[PDB]
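**Student:** Chain by chain, the residues run as shown.
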Amino acid sequence: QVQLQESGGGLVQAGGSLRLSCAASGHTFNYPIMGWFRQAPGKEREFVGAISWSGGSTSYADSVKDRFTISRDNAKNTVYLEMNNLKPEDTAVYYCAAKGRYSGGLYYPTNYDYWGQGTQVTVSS
Amino acid sequence: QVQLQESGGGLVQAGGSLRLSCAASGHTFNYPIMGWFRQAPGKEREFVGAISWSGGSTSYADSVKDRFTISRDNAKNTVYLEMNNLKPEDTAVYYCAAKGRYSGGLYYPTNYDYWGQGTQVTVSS
Amino acid sequence: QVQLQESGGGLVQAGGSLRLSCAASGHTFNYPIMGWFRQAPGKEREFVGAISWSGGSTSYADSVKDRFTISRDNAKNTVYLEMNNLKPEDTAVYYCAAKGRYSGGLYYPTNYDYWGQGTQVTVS
Amino acid sequence: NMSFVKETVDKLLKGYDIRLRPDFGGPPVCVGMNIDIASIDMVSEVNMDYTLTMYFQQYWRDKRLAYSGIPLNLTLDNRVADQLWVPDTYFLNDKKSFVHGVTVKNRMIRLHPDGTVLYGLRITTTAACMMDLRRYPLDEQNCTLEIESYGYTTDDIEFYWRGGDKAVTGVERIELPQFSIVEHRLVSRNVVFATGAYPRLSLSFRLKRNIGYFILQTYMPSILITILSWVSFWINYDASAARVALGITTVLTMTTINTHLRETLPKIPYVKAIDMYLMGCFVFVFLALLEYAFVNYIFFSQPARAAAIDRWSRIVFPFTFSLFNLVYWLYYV
Amino acid sequence: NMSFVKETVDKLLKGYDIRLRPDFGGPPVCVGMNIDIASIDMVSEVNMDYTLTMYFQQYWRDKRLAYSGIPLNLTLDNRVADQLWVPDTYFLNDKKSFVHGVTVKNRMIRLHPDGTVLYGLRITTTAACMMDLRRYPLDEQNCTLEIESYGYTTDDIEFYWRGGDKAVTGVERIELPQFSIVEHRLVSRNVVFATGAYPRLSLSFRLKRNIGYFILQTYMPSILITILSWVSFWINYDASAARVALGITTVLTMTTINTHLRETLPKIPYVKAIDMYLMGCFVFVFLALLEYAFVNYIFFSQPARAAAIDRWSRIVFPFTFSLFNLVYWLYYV
Amino acid sequence: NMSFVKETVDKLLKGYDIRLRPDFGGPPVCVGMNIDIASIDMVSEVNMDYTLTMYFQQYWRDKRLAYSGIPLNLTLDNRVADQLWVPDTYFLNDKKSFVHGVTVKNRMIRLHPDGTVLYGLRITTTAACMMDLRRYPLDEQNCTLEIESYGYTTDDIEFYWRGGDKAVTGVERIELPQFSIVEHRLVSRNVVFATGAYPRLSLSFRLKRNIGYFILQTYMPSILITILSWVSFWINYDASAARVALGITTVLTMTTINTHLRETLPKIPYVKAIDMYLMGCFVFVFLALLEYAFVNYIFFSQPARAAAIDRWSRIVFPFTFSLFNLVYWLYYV
Amino acid sequence: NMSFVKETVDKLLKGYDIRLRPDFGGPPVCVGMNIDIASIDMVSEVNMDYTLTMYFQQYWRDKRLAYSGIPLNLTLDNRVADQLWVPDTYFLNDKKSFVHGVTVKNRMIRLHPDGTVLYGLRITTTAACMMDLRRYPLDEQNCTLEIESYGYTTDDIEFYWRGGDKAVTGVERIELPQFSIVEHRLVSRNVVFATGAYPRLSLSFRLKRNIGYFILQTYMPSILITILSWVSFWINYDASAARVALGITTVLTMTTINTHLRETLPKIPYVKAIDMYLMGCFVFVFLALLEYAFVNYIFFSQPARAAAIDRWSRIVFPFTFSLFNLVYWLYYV
Amino acid sequence: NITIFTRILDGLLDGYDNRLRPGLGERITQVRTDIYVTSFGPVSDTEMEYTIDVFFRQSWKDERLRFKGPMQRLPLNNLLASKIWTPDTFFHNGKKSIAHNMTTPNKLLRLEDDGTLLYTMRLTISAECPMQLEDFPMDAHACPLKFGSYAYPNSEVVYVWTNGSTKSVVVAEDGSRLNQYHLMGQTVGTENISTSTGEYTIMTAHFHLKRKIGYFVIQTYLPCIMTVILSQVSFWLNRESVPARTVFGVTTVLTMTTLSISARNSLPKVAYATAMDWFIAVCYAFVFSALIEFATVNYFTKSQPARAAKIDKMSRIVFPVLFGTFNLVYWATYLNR
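Protein chains in written order, with the entry's author numbering: chain K, 1 to 125; chain O, 1 to 125; chain L, 1 to 124; chain D, 8 to 314, 422 to 447; chain E, 8 to 314, 422 to 447; chain C, 8 to 314, 422 to 447; chain B, 8 to 314, 422 to 447; chain A, 14 to 322, 393 to 420.
Please keep in mind that the hints were generated in silico from the structure rather than gathered at the bench. You can trust all of the hints, since none of them are fake.
Cross-link-like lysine to any residue pairs, in silico, SDA-like; alpha carbons within 25 Å at most:
id	chain 1	residue 1	chain 2	residue 2
1	E	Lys274	D	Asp48
2	B	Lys274	A	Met239
3	K	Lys65	C	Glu190
4	C	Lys112	D	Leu125
Extracted from the complex, chain K is given alone in its bound form:
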């Protein structure tokens, strides 16, 4: 019912900067929180960030404590992901996804319903 779409791939040298985006559609009122992950080239995904519907809070994970700043737009129904000082351990696909309202903890991929096909970002030496 709620269709999602991202943009913003590319490749930078190590330590650079990059920005993401994710579009929304449909009855988005029933999905307050949106989030992101990274399917590793060998492994499964791991949590990185989540944002409230009103745009207030923005919880992170322990490795991505004050590494990446991630923001909010109610008007364009977009989420913006500012990566800075990038690492060679960040070459993966960042999938856009939402959560139902009364729908469990923040870190769990099984929880989410809708999924946008993310881009494959890489980084060099």
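With chain K fixed as given, assemble chains O, L, D, E, C, B and A onto it according to the hints.
**Tutor:** Here is chains O, L, D, E, C, B and A on its own, set in the frame of chain K:
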């Protein structure tokens, strides 16, 4: 004191479609849920479907799903029975009735108080 | 984030009567109840009195019952210690401090958060 | 006979532990549920919640309880429920609930020789649901109801509905005055918390606003004051001291509608759809008083300009306001 | 003697099971009931419910309890009720109820040597009933009360009233201020749910509105403003700047009646009968201001037309409004 | 197997005292906590409190409970909680609270072979917090929540959070309409009463007002009445009997705003920031009526002075009021 | 060691009667109390009551409880309170109270080897106090709190405070918005009922109104309308049709103040001090309209009398009203 | 010693049921009853109920508690009341009651050698009373408080007042917080009400009340008469005030209406002919009537201003007379019933 009126049926051969309707007369406030029957000549009484008071809510039997539609309106306070997909096994005197507000199971014959009688539908091939 | 500052003390002989100044700066509403203190040179520190922030109430130690008084301001919100009947046992450096809304009984020193550099007040 | 049954129950409870769920080491239990709705009481947009009353039923199958000698299917008193095992079951989106205790506590125990146990209740629940009031009052609300276990993980307990064309009845008994019922959906998930994966069944249904009332409340005032703001164009300017008496009143009247009608309204920060509508009708009576404001400054220059203003006037307001309706009543529906 | 009775009761309870209804395998039990009404507190059209307080009584006949040696008919304390069997009984159309526990819990146990057991209660019940407000306030309400068993089917339990000219007393004690009592009816059904057929006794009674108050509230304002809208016809047009001061006020006054009198009213979406009435008196003062609107456009053409309008005027409004009464006050009664 | 576990629990409870905390003579117990927040219901500035609903969890380690023979990690029913030791834990700044008892009492017991005990709850709490309304409504509120033991001193019990980047989750689920969430802080103190030193963990978070609503309520009326107080300067004095009709109305309108808008407001004695604002706009329409008051006393002396007043007038009010905005909207933000 | 303590408590409770107070035949018990106040919630002049929350503590000395072998001072769980003796203690001037039961019931048991028993509680109390509103709102209220035993006479039980400079703490934590705290007093009586003499401890404290708010509410309207009733004296009588438009409005405005401001007020039958004040300002605007009433009857006789009235006028109202202030603001303070 | 009482206590409790009244097959039990009103509560006119706060006391004689002990007066714990027998007491109009359990449940047990029992409770009762508001706000009506024995007929339990018929009910001094009303007198009485089960015994305590009249005069009746005299002195205004009294006589009906709004603000809903509304309408009809005295002039004084000197000069000595005669008739009706 609530007296019903049944009219609108006849003979249609196989593969046809026939509409029937039910007229109401009496203190119609404490009978918010009107319903329908069918009576096979060899068999017992059976339930087919019923309707709300506001009209936005329906309920249908499983076997006779996808061949009838019920809708009501307070023009003459009448209920309507639509048409599709005639099958010759359904030769049965049909019946129209209603139910008190706190009067129980909506699938069963004996829960209903005022039975209307009227037109049979005799079909063939 | 309360910043405080002391002034008013010095070298006063016996029979004196003074005032000190705890300079309440920064936000105040998080810390209503404030109070004063004293500390002998060798003996451990102790409590003298405290006030309601709306000026409704004071409290005092039993040894200095009815002898010291504490002011209250709404304009600059700073407090003062006006008194009479000096006592030579009161030779102590003085201090002011503040507490949160739920931090226990008033008599105990470690329950308070902010501290200023006090004035040496000596009986001569 | 009376003699067989009393010692039969005592064999079923001598040494019966209450602290453990059945089939403890082995496979998880397979519990089915069943809901019959009596009525929905009221919906508070102020508190974002609603109140219903249901009939709540459960199955499970304990091998610890299996009589053999009686062909009948038993029925016990509700005080035996304190001496049996029940699964923990709670409602997630609730605020306050209770069990009716009118003469006794309304719960039912029914037994079967295999071990099938039926457990009925009767619960009134004040459950909260979030509302979107962007399209107020031409809105559709989706207020839900979710059911969870509390202590047991998905390795022990298994919720399931008893058929999607079943297990939710009493639909047409629902009579809200203000709303109307559309659709039913039934959900089975696997929600994972920090402890472990828990099962959940969810009940959800739409709510559609009955539109044919607020015209009588909100719209028909704001319809007519636009027309009463058009009286002055047919008024010849000899009542120039009395034209403004209309123009003060209508602007004042919209202020009353902005406030006295607001007393019958909820309180959200973001802008409702009727607020843009009441913004629109407020602007026209604000500009209709600004007709006479440009009259009295250049009437002394010439009345020939003032003779043509009501030729300009009554060819604009009965079309810009009419096109204001077709923007309004089509962008929503 | 004191000595016989204590060991007599202990023989009646040693080995007495509480988990089973009497005559378990055999015929169903035959339980009669009895209701005495204390008072009805209040009727909320806002919440569609009412609150009464009754005396609730029951019979049944247990062969497990049959003393022989005492000619008297016993009377026990209410704490023995936790050591006996009672039938499950609840109210269907209720919202909240309780049992009065002022000094003790108000329940009575009375015994008989055959086994006839009397069980009294005292329950205050907030029961909901649906209302029809098409003919508000010239309406008749039928608010009911239904009584069911909960766990037992019709193969075990049998409700019956103790005579139709009996078992409901305390009728004339009922004093509602607003309403009046008309008629009583007693119902015995066999309601069938998905589990099985259940018995039901139902209590129902009419409610008739006391009409002689809302004239003082609603009608006598709307009577007089029609007459105050008729002052202008006898007013000669020299106060043409002051005629409109009546015509603004009366249209404004109906708006206050549309709103301030609405504060003392319930909230339904469909149109009440007084709303058509307040629609009618609003139209006449809307057209009475449209008397002077056609005056001031063609008075400059001729006053001879304007000299005849009050010949047209006061021969229409005191008959179309009077015929508006006879449509109104006869279509309802 | 079923056989091992029942006698295993009975060995764990035969001779288990409930009256004493574990490691009684020795070192103090080391209890960790964990809070998950479901939602915050409402914030009453009238009562200075708020209402939330949390998931409350605890650890501790009893050596009295240590099974050995089972590799699994156990899970028991909530009725065993009346046969174990729990630490006393209460909320300090509350006014009324309870535990949800919908089907059972929502509490969880979980065991581990070393002795690690997990104890869950689900509590709705109405906790009070003091508010400062000097900068109303451009304010920041810091409403807190504090947790204490009751009977045990710091020599027996030791509260600690389970990691500062942990133990408070469910943040982004919080949806207040009126407010917004900013920041979290976690506190561990040693509060000393007259009896002895007690431990405390505290939860605190900011509240920021959503500003974009009260312009629609409070400001946009008071914006426009300043402009409607400026109509008279372009009005030529021929309507000297009708100029005052504006000047009475605007001063009257501010009185309605002083009172009818006050109905939607809290009640404190000290002066709110909007009160200085409503004092400011009241003064200008009080002085705008004092324009015409000095007109009518010296117009008879000369109209040449009265010809220059609107040269004085409309060069002062559209700048003193505009500078009144820049004092207002910059002293706060 | 764990071993000593469990059998020690069991020796203290084997054969311990709960039905009797200690030292039953001998001297009366000597129970001391101790109160710490958390906060006072709200004061309703409508209901004449207030709501606080305290910490309630007690001492006594039972010789039945005296351990010897342990140098420590014990601390037990609150479930042992149902197996000990407590004195009956209730509040006299209350209306509804309860004990907080958030996770457990907040009560504390502490022991000592001599037999000194400490018993803590945490009670929220809605206590009623009578108010005098003669000097409203320049009043001083003395709302109290009284504590009694219930069953025991003064031959068995002896209340006493633990030092007058003690036993009531948490004073400066009290933050009422509306009031202010002045003074504390502690009372010990011997109240005699029809049964026998019973002890009582009483807590009492003053309440002083924060005066600096009602000027903004009540006075500053009634200040300015006196000045707006003085506009007409500087108005030359050419607006004789527009002078009355002031004189109607101000008399109407006082009626709104008599009613709309009354909505924020309590309800007593006797006359408040602000009512004499609102009677006073109502009379002057009633007489200011009676200025023009004597104008229009003898203006036709001569304007020379009417030329001198505003010489009579503005030398009386700015002194009789000013002396009306000095009667008002000095008779109270 | 304490131990001496315990064997006397527990040796007494053996073989004592609490399911049977004493003298079950034997003679009738009498019960003595004492009521001590602590602090009477407020009255809501809308809901016809009132709050009362009592120290309710009961007393009777048991045979099965006699002993031979030293102390002869035994104050005991609450929990023995669960173990011993008490009779029951409901209230025939008790809508909601509370027996508090603040630190303990407020009960007491007191014993003697006779087996005389003392068993008291602290109740808080919101009971109801029907009102006849036909003479509002000049009412003086009785809101009683009946109670009787549940579950026991006449031939088993009889209620008797403890003291004589005067001294058995004690009102406190200051606890009468009758803002709105005023307390008049007390009256007790005993009855036998026959119901469906059996004929019972009934206690009755009337309470005569009277309203504080000194509020609604200045609350309501002044701006009535002020607006009346606002219309009646206005006859002495100029006939040549041609656009002036146009606006004037309008608002004198508005103020009269808005006063009737506030009059119907605090008034509770009835279906009666209330004497206040019976006074509002006459007050309401006179700015209705004296409007016509001015509104006739627009049709009249340009036609002929000669007869305007006939009747309008008479108008100054009619309408203030007839209103003034009305108030003498009105207050004569109600102050002496």
